[PDB]
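Quick setup: one chain, the form solved without its partner chain, written in structure tokens, and binding and motion questions come after.
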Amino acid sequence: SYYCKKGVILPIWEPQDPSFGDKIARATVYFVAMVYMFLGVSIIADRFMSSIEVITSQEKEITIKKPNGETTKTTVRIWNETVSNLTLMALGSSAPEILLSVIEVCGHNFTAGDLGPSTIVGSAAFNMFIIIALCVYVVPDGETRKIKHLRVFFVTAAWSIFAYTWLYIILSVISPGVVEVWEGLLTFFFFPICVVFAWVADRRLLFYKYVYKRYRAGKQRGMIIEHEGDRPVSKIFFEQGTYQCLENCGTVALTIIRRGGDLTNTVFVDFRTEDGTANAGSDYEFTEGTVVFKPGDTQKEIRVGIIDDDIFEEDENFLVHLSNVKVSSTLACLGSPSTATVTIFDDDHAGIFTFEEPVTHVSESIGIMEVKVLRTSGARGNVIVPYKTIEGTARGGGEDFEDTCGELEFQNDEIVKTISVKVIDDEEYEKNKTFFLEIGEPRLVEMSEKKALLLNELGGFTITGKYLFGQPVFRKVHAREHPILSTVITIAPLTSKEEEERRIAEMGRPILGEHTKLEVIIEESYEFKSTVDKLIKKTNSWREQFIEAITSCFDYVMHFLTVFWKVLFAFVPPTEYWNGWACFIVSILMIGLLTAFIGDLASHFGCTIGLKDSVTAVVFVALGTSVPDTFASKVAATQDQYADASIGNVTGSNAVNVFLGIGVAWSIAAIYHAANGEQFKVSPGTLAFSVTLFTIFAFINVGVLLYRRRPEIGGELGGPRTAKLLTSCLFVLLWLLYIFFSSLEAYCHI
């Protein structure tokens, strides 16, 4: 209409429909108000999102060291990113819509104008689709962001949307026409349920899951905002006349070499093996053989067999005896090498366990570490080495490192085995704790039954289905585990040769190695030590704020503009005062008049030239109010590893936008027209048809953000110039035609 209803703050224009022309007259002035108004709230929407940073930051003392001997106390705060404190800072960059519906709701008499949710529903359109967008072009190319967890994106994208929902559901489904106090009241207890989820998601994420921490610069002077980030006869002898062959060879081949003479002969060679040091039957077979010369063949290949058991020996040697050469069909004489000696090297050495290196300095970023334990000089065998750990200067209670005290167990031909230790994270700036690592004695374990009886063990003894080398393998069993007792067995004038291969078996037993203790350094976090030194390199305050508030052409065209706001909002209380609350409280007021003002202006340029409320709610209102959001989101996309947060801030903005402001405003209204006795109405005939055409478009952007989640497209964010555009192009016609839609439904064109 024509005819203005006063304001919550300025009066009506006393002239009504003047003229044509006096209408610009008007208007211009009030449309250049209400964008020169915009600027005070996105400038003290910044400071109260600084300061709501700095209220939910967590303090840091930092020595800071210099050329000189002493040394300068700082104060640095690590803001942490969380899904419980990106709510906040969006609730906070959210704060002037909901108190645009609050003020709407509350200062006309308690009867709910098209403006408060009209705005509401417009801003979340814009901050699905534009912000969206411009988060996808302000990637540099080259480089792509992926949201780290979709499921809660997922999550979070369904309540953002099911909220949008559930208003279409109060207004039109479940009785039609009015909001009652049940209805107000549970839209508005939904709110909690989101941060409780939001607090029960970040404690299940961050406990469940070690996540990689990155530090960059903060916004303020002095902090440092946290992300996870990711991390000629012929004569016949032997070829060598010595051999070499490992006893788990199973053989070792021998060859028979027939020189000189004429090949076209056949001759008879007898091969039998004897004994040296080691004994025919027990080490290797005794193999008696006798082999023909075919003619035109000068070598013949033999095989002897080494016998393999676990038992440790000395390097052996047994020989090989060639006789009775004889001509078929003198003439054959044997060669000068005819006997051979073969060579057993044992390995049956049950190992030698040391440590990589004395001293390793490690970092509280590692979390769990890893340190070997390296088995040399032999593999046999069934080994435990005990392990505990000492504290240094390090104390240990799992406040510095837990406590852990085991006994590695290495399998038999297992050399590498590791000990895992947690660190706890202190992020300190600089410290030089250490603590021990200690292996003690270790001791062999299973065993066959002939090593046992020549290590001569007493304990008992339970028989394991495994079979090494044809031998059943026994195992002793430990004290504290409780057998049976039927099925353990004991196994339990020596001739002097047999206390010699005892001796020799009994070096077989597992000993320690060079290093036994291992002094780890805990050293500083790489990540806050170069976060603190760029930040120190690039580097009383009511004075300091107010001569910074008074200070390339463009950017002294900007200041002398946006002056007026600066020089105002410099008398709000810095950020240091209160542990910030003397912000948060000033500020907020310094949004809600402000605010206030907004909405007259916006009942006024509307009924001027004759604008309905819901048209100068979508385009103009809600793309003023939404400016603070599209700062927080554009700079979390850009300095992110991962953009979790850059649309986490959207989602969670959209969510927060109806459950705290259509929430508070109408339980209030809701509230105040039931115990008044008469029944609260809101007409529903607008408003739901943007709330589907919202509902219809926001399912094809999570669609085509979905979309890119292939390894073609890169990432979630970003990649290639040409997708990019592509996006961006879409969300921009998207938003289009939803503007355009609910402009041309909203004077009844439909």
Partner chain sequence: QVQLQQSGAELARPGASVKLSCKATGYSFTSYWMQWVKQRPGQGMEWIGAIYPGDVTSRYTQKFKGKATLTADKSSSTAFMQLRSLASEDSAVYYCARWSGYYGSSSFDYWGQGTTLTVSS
The other form holds:
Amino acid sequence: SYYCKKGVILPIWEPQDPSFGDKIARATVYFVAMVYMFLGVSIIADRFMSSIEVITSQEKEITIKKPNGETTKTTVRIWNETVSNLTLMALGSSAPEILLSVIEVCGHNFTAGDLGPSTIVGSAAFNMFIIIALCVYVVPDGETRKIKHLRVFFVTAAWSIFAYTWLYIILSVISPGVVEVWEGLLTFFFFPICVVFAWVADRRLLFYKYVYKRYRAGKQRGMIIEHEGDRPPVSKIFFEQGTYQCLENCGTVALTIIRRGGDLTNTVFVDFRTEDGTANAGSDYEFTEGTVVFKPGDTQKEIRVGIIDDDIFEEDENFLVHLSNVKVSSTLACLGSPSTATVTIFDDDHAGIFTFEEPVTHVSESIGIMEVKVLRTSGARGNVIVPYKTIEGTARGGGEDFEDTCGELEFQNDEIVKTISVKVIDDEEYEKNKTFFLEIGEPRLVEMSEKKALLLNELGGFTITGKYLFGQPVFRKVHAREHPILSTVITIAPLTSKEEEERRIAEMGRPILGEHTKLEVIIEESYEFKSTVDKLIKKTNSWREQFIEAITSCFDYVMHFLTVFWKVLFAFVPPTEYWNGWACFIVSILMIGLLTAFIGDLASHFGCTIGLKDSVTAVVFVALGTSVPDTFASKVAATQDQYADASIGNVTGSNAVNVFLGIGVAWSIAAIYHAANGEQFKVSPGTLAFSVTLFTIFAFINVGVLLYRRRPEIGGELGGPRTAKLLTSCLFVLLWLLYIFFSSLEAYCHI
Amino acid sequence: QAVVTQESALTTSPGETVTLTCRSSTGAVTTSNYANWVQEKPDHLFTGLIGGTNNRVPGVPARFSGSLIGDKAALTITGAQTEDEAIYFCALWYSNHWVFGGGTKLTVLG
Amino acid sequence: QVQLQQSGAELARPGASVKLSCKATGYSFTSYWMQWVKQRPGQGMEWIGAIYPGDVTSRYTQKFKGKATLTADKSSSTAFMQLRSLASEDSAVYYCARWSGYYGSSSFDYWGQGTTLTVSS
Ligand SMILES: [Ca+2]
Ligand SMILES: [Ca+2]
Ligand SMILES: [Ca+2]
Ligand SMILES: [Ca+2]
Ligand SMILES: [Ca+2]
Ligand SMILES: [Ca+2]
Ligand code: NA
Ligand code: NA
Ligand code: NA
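What would the structure be for the form deposited with its partner chain bound, rather than the form solved without its partner chain?
Starting with the chain above, the whole complex follows.
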């Protein structure tokens, strides 16, 4: 239509519908004015996000020790990059959309207009496609950005899409064409669910306190962002060798008999038999007899002697294999040398020698969870309990410098290493040298066979375990902390002086401690934080400073002379150091509220001057104009970070808070005001329904492409191969162009 | 099988500093021998003073310290009191057993 | 307030067997080791062994492996040391000592008052 309703601030240009060239002049003036207000909104929203960054950051005082007497003192601010902080920054960059929706609803006598909801759905489309494509492209070539936390991405993206799905539901499914008080109230109340989820994900889903910390220089004067990172000649018959060697767990040992010399075209018979030496038949090896036959043309025959495995430690033992009774069927063959083989069995049932890798280790305070390996050396037989504890040294740690931990490591059978996790508290110190200790106690063999329990003379209580080892049931010792049935437990409980020696060798194989039983852990300062502080101190009354920075290379001159009026006007905003950033917070959110009051007029009167509908001019112009802070915040988080969690998370949180507060608050106020008068609040669903369903269909395609770029050929969400990078960016921009063009046609009833 | 050897007796005055020696037969006392110093008061009152060659039991007065000097463990008492008159034993941890010293009959004049 | 209290003076005939008790109070009995130590006049001190009552794990010297038996009664928080086949060498004083299980700490933290055992006829 060509008739313009009066705005909140701007009056109607008169007369209406003057001519054709006058429409061109009026639309040109409104368009230039609206672009200039978009530049003003971008600058003031950048300052508003800087104030929010100031509020949610902890202030630290940095002492810089120097070799000379004078030591400089600095004050810095650390901003944690958490989900609860990123959703507040996304709320800060979503202030123009939220304020435009609320101001247009309240200013025009609580009547639903196309402008607010339409620029919010267009903001969803622009954020979801154009900003994500640009963040895909900006990442440097050869570098990849991957979402480490994929569950959080799934939940947040599903919630952000469900926001616009529920916008469809309240307008078309439940009482179509009418927004009730409960519908708008629940739409508003979904936002605290988002905030509580951000807090819970920070506490439990991420374990942010215990991730590796990286620090980067901020955009403000003293701000430092701390984020998650990756934590760094007749024939004769004789033995081939004459002495064979085997382990105890080999099962069988191979002995090679050779017939050599004489004539091969004959049959030879020779007997073999084992004899006990230090090792006894039936306990250490299988007693075997036999006769081997040498065929004509045959020279060597392999015989196999069984070795009995067990659980008891023993010394190196030996037994003898003899050959005898050389015969020839149908002298020609004799018993050669060596006629006797000595087979030696090495035991491997030592329960272990437990030690630390090094006596002293150096860790940074940003390590988060530190892992100390405890090694098991020279045997890994049985399950053993090794107590461990932390000892306070210079690092007085009860949550101050570290978290006290103590307990027991259980090494299973044939397990040769275990880890101890110690929680290191990060304090952001420029210079730190603290010391604590980690000690391990006497190991105890808690799980063994029954015969080993006889040989070790264990007098405790054993509960039979379902496991079977070397063909024997496995028994486990009962601890005092455990309360069993007391019918389940079994007490296993003049020696011939040979069995006494067997017990002594059995006790020689019990678990003991190694070289390093105490670890001295030295907590030191972060190199990344120290280098970032050095970068700050290399390059770093404030009321005067803002005005001096306001007015100060041809492209820089063009941008400076374009934005000098806005910078001079916004230099009257209080600096962020006042009121812990709240002084800048109160004024800027006022100023944004002013500049989205004019835009809501300028976007409206531009539409009716040339006959453009409010929905189309909100989708293509207002949505692109109010998402610029989201564009730069997502680009910075895509470039400077190591993961893609923050860049996509800003888009997703912005899409959620655009609905839950931008539409929720405005339609709650309108529904309550109309319900006070006993009348319904009527919203036309036809314009918004096609836009929100088109957004859902394109958003599922976007999420599918984002998940498909996780393959190792591409490697991650952002960046990656250049040829796939270009295709992904062009695909997403094409999705945005198709969305805005289809919605533009559909607004004019073309369907 | 090792034999731990100490001096028969030591004689000091109050306020002085005294050093007590723990020698191992097999060689040099190391940090893997975990030298314990314990104290026997008259009428069989035993107290554990220093363990692990450095670590001091809480409640032990701070004048007791343990260290390694040369190839032997050592107990240093700085400013010995008249109440420190006792018999001091040193225990060394070998591979699977503890070996105790002879015991120095430390006496303080009064 | 850790206290280890032992039994009284005991006399036994040669070739008999004796059980000696050491009741521990003031700390968690089952999570700590108990050292048993022998003292004779003029021969210094001898370490008989150690016991962990939580699992009833045992350590002994080779000389006292068959001579002494280490048992525990965690219901009454008591450790027992039993000698068999007594001889004239066995007349001594026996002590029990608390150990935390770590070698950096002292292995003989709190001692009992000592039990005198005399073997004569
Ligand atoms: Ca409805
Ligand atoms: Ca064997
Ligand atoms: Ca054997
Ligand atoms: Ca074996
Ligand atoms: Ca084996
Ligand atoms: Ca931190
Ligand atoms: Na935002
Ligand atoms: Na927007
Ligand atoms: Na925005």
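Positions refer to the first chain, counted from 1. Here, rigid core means the biggest group of C-alpha atoms that superpose within 1.5 Å across both forms.
- Lining up the core between the two forms shows that one residue from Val635, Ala570, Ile671, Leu205 moves its Cα 2 Å or more, and that residue is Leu205.
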